[PDB]
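J.: The residues making up each chain are set out below.
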Amino acid sequence: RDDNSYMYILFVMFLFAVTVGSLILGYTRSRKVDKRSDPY
Amino acid sequence: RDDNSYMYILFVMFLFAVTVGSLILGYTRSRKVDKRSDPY
Amino acid sequence: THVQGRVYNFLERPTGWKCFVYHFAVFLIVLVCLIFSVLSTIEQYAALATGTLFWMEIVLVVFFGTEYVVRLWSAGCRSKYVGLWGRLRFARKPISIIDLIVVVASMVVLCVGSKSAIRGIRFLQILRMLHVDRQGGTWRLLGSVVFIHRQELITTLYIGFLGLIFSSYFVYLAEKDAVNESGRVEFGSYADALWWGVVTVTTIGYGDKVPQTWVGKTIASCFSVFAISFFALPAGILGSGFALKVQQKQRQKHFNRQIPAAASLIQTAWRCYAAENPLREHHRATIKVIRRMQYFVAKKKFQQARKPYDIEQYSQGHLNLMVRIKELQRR
Amino acid sequence: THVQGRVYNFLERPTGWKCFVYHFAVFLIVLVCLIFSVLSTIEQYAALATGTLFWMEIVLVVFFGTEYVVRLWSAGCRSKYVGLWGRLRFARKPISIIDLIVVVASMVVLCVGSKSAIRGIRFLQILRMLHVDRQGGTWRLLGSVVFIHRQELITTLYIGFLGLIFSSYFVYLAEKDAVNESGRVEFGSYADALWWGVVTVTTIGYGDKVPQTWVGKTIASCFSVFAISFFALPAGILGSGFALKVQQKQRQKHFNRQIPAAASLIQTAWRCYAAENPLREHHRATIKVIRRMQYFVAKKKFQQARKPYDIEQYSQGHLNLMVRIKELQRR
Amino acid sequence: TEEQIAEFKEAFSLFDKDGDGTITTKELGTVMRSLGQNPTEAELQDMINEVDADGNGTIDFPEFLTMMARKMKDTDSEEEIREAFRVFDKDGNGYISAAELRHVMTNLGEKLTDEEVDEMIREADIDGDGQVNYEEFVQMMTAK
Ligand SMILES: [Ca+2]
Ligand SMILES: [Ca+2]
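Protein chains in written order, with PDB author numbering: chain F, 53 to 92; chain C, 53 to 92; chain D, 104 to 218, 225 to 387, 506 to 537, 542 to 562; chain A, 104 to 218, 225 to 387, 506 to 537, 542 to 562; chain B, 6 to 149.
No lab work stands behind these hints: they were computed from the structure. Treat the hints with care, as some may be off.
[Said to hold, decoys possible] Per label pair, the in silico range of CB-to-CB distance: (1) F/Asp90 - D/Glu543: 45 to 51 Å; (2) D/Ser349 - F/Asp90: 22 to 28 Å; (3) D/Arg511 - F/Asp90: 35 to 41 Å; (4) D/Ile313 - A/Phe157: 34 to 40 Å; (5) A/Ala512 - B/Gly26: 40 to 46 Å; (6) D/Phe351 - C/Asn56: 34 to 40 Å; (7) F/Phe63 - A/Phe335: 31 to 37 Å; (8) B/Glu124 - D/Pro535: 58 to 64 Å; (9) D/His363 - A/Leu559: 23 to 29 Å; (10) D/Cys331 - F/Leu77: 30 to 36 Å; (11) B/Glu46 - D/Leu191: 49 to 55 Å; (12) B/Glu115 - F/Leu77: 41 to 47 Å; (13) D/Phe351 - A/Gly119: 49 to 55 Å; (14) A/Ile132 - D/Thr118: 53 to 59 Å.
[Unchecked claim] Derived coverage of chain A by chain D (criterion: at least 3 residues anywhere in the stretch with Cβ under 8 Å from a Cβ of chain D; other residues may be distant): (15) 315 to 329; (16) 524 to 536.
Note that CB positions come from ideal geometry on N, CA and C, so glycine has one too.
Starting from the given sequences, assemble the full structure and let the hints guide the process.
T.: Below is the structure:
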C-alpha cells in the first residue's frame, strides 16, 4: 500500500539536491578560472 | 523463466574481458623485459 | 565585446553570489518538475500530474531552447574558438552534446505528443540533472584517480572476476539438480549461479538463492571470504586516491597565490631604489612617500603568502631544520 | 638464431602493437567459445550449441597443440635453459604446467567423446582464460603484498576465526531446539550454526537462518559488531599494500631510466675533452662539431631524466631545502 | 674570439657541400655517416631539435655559433656533470673504483672504445687506489 509513498521520492531527491547545491556553490564561490597561468 | 537470460552471461563475461583487455594492453605497451639489469 | 564577454562569465564557469541563485534555482525547477513527473507512476497520486505539468514542460523546453542559443552566441569571447566555424569545437564539449540532445530530443517528443508518449519525458527529464553541474569538475577528478590507480584496479578486478567465474561454476556443479523448501530449483542454469556469484561477491545477500547441498555451502564459504576481500579493495584504493588529489590541488592553488605576492615585493623594491631619477622637483618629493608606503603593504602580502600554509601542521619533520641551517649560515 | 629469437619475443613476454592483436583476439576466441559453451545449460537456449561448436573445439585444441610446441621450440633463446634437457625447467613455469594440462586433458576428453562427456569441456574451457594472461604479473603483486603484510592478516584472521568458532557455539546452545515460523528448526546442528557464523561474519545476511530466541539475538548482535570489524580489516590492509607496491615500482622504473642518461653525459663529456688526439687532419676537423653536437642532446636527456618525476608533487617537504644548501655551498 | 669567428663558418656550411647558409640536417645524416657514425633518423632529427634554437633545421649560425659560444666549463654546466657521478655514488665520498668505473664505462649509454676507457681513468687514479674521485676528474674537465 502506497499511503505516504510521496515521502521517499521527496526525501531522496532532496538529499541529492543538497549534494548538488554544495557543488554549484563550490564553483560560484571559486576565486579564478585562469586555465594556463599557474607555472609561468 | 529464462526469457532474456543470455544477457547476464553476455554482461559478466564482457566485464571480465574488459578487465583482461587492459591487462594484455598493459604488457604489450610495456617498455622493456630485461630481467636482471636493474642494479648493475 | 563588453556586451558579450560578461555573459560568458554569467552562464559558463560562473562566479558571483547571483550566479549561484541563477544556476541553483534552475536546478530547483528541474527537481520539482522531476518529482512531479515521477509521482505520476504511483497509481494513487497520478491525479496530481495534470496537463499543466505538460505545459510547464513546453515552457521549460522554450526556456532551454533559447538558453543554448545564448550560450552559443556568447561563446566567441574565447581564444580557443572564434566566429561561427570555430564555435563547432565548442560544441564538442560533451556537456553541450548532452544539452543539445536534451533540448532537441525533448522538443521532438513534445511535438509528436501534441498533434508511451509521456514515458519518454521521464528519461529526458532525468537527463537535465547532469547539464546544470557545469565545468565537469567532478568527473575530471574520478577519471584521473582511476587512471593513476589503473594497475591495482585492473589487478583486483581481474582476480575477483576470475574467482567469480571459477567458483560460481563449482556451485552449479554441486547444485544442478536440487529443489528448494518450496518446490522450485534455484540453480537451474549457469546464469542463475552467476547472478548468485555477483550478488554474493558484493555482499548483498538477497536470499533468493542459497545453496542447499552441503558441498556447495563449503565452496560458498571459501569464495565468500577470498573474494569479498578483493571486491572490497577499490573502496580503500579510491578513498586514498581522492584525498591525495585534492591535497595536490591545494599545493598548486597556494603556489599560484605565492607568485604574484613574490612579484609585488621585488617589483616594488626596485621602485623603492629608483628614487634618483624616474618645476619637476616637488612632484618627486611626493613619490618617496608612496614608494615606501606600498612597499610595506607588499611586504605584508608576501608574509601572508607563505606563513598561512593551508592540515597546516606539516612542519613536523623539519621543525628545527629550517632554523639549524640559517644560524649555521650566519656564522 | 634470428629465425628463432624473434618468435620468443612474439609469443612470450610480448611487445609491439600486433602482439596485442594476437594475444587478445585469441582471448576473444576463448571467450565466445566459453559463452556458447555455457549458454547450453539454460534448457531453452540449448539448441544453439550444435556439433559445429564441438568441431570448433577440436580445431581449437589443434591450434593449441601446435602453439605449445611452437613456444617449446622457441624456448632455446634463453640463458636460463638451452637445448632439450635444459628446456624441462622451462616447463616448471606453472603457466606452462597449466597450459599442458589444458591442451592434453582437453584432447583426451575430446578423443573419448568421439569414438558427462560434454560436461568436462566446460572446466577445461574455463581454464583457458588463465593461460593467455602471460608473465604472471598479477599474482606476483598479490603474493608479495600478502607476504609483506603477513602479520596483520594472520592476526585478524586468527581473531575473527576465534570469534566465529566461539560465539557461533553460544547461538547453537541458545537455539538448539526452536522452530521457525514455517515449522522447521533452523539451528539443528553445529554446522548450521557455523554456516550462520560465516555468513553473518562476512555481512552477507542471506536470511535463511535468523536466531528466534531472544538470548541468541543478543549474542548475534555482540558477535556481529565485534567480528564484522575484524573481517572487514583486510580490505583496507591490502588496499594500502597494493597502492604502495606500484609506487615502489615507479621509483625503480624511473631509476632505471636515470642511469643510461647519467652515463650518456659523462661518456660524452670525456669524448668532448678528448679533442687532442683520438692527410689525417681534416677528418679531425669534423669530429669537433659532432662531439659538441651530441653532447647537448645528452644534456637534454639528462635533464629530462630527473625533472619529470612521475604524484609528481613530492617536493613538498624539501621545497627550500634543495636550494638552501647550494647557496650556502657557493659561499 | 676575433680570430675564430671567420674560419669557423667555412666548417659550418661544410656539410651541405655547397656555399649556402645551411646547417644541412638532411645532409648531416650523410656527413656523419661518411665520418663513420651512421645514426638513425630519429636521433638525427633530435640533433637540430636542441642544437638549432631557431627551429628550421638549417641555419646561418644563430645557434650554430651559440653552440660554439657555450664553453661547457663554467659553473652552469659543471654541477650537472658532477651530478652524473652522484647517480653512481655508493656510501658517499665518490668511492668509484677503477673496476666499477670500467664496469660503468663499457656498458651503458654511448660506450667508449677499450683504448679510450682503459686510459680514461688513468689520470683520475694517479694514486693507484680504488677511488677515482669526481673532483679529480672535473678538474680535468675544467678545461672542457
Ligand atoms: Ca639546406
Ligand atoms: Ca632554424
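J.: All hints, please: hold or fail.
T.: Outcome of the hint check:
1. F/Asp90 - D/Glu543: 45 to 51 Å: violated, 22 Å
2. D/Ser349 - F/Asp90: 22 to 28 Å: holds, 25 Å
3. D/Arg511 - F/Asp90: 35 to 41 Å: Since the Cβ atoms of D/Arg511 and F/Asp90 sit about 39 Å apart, the hinted range of 35 to 41 Å holds.
4. D/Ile313 - A/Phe157: 34 to 40 Å: Holds, at about 37 Å.
5. A/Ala512 - B/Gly26: 40 to 46 Å: At 19 Å between Cβs, range violated.
6. D/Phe351 - C/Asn56: 34 to 40 Å: Because 37 Å falls inside the window, the suggested range holds.
7. F/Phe63 - A/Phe335: 31 to 37 Å: holds, 32 Å
8. B/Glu124 - D/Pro535: 58 to 64 Å: Once the Cβ atoms are compared, 59 Å apart, the range 58 to 64 Å for D/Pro535 and B/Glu124 holds.
9. D/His363 - A/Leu559: 23 to 29 Å: holds, 26 Å
10. D/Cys331 - F/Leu77: 30 to 36 Å: violated, 49 Å
11. B/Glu46 - D/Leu191: 49 to 55 Å: violated, 37 Å
12. B/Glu115 - F/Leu77: 41 to 47 Å: violated, 58 Å
13. D/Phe351 - A/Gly119: 49 to 55 Å: violated, 36 Å
14. A/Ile132 - D/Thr118: 53 to 59 Å: 55 Å Cβ-Cβ, so the 53 to 59 Å window holds.
15. 315 to 329: holds (count 3)
16. 524 to 536: violated (count 0)
Hints 1, 5, 10, 11, 12, 13 and 16 from the earlier list are contradicted by this structure; the remaining hints agree with it.
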